[PDB]
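Some notes on the structure that comes next.
Just one protein chain is left out here, and the rest sit where they should.
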């Protein structure tokens, strides 16, 4: 890798600089290099990794949806719309494969604490979900089941090892509920998960400090936003 | 070039798709490929080329300013801030050199109409100006004079061949005035140019259709915005 | 497409 010659600490410092400069492709490349040093990541470092790739793949997803919509409408202008949608789609799949590769080599297998293991398994579910969004082949069902399996393992650990207000647990439930709603075609499961997650967090808020309260209620509001659109 | 095998018309179609998808790096690469087919560009195609690279270099300029400011403040955290500011700066210079290369090989020498020749010479001034923004070496004075020379040739042609409301002439004067203000350290020249340009356009508005009126007054408002900050 | 809320940066 092109980051092989840079110090781990320098890569993390530059990832933070890149974030400030809104240079998310750089940020992702720096964090990939930091992961490939082979040491486990701290909480802050995990979040730098996730923020970086979330921004990169987010730009690709938005572009893919624009092109897919133009393509659907067009279905004569020639092969160009399909070709360019395919180009963006292939780049998106490449980013997802890169993230999944980092998780599989070897972030997940070395993650023993709930906070790290749930975080990485949630990411694995997320990037299989982004692959599922563009999947149309004979692999779509297996991609969907890979997302489900990762989310489910993360859910099982989070329910056993974290309080219901834990922001990682909450964000996992949020994303798994969206997976149910529009990837798995299970809107009822999505609504049930979102409701139970919200209600169990509400009952646990009394245990929290003012700062933790703020962190938890922020994600609870996202659950409520979805419930409002779904019901 | 990697676009050598794609049809000119397909490159332009994909540039427009990329714009809709806010994929400006792709848009620029497609338009570079279209330029390298060797045919002159239409008005629409020139604007696609400019919009694409303006968006790309704009992201770089914004990032460079963030990093430069952090670097100035830091002037111990090691070489990383300088290194990363240099990395972004080098990428920015590469984009400017690429655009200037297209103009010099061979857009300008084949541009005979005022609307095309002024457009390209304005672009040449613009991208030398973006180089000047980051220049600190013994080449800074020559970079500044290259911008000035391109702007001046564009100005001379525009005053002889275009009406004072022509949006290309107006945008050239706008950019040349900003060049004067903060690159050439000539705020008085900047203000004088902005004022005379605004007043001469105002006196010519009565000749215009409603649509041309809208195009001209839009850029006149930009002149007035700057004058308000400068006086 | 109508996009529902998910965790982290709303980058798309």
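Descriptive notes on the structure:
Chains: A, B and C, in written order; residue numbering restarts at 1 for each.
Everything that follows uses one rule, which is that a contact is a pair of C-beta atoms (placed from the backbone, for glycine too) under 8 Å apart; a residue touches a chain by one contact, two chains touch by 3 or more.
The hidden chain makes contact, of the residues B:67, B:147 or B:174, with B:174.
In the complete assembly, the contact with the undisplayed chain comes from B:222, out of B:70, B:162 or B:222. From the options B:91, B:182 or B:189, the residue with contact to the unseen chain in the full assembly is B:182. Only one of the listed residues, B:8, B:37 or B:61, touches the absent chain: B:61. On the side of subunit B, touch with the chain left out of the figure occurs at residues 24, 50-51, 54-62, 65, 69, 122, 126, 171-172, 174-175, 178, 181-182, 219, 222-223, 225-226, 229.
Note that in this section only the chains that are shown with their structure count from here on.
For this pair, subunit A with subunit B, the centres built from the Cα atoms lie 38 Å apart. Distance between subunit B and subunit C, defined via averaged C-alpha coordinates, is recorded as 34 Å.
Counting partners per residue, subunit A has 59, 62 as the residues that reach two or more other chains.
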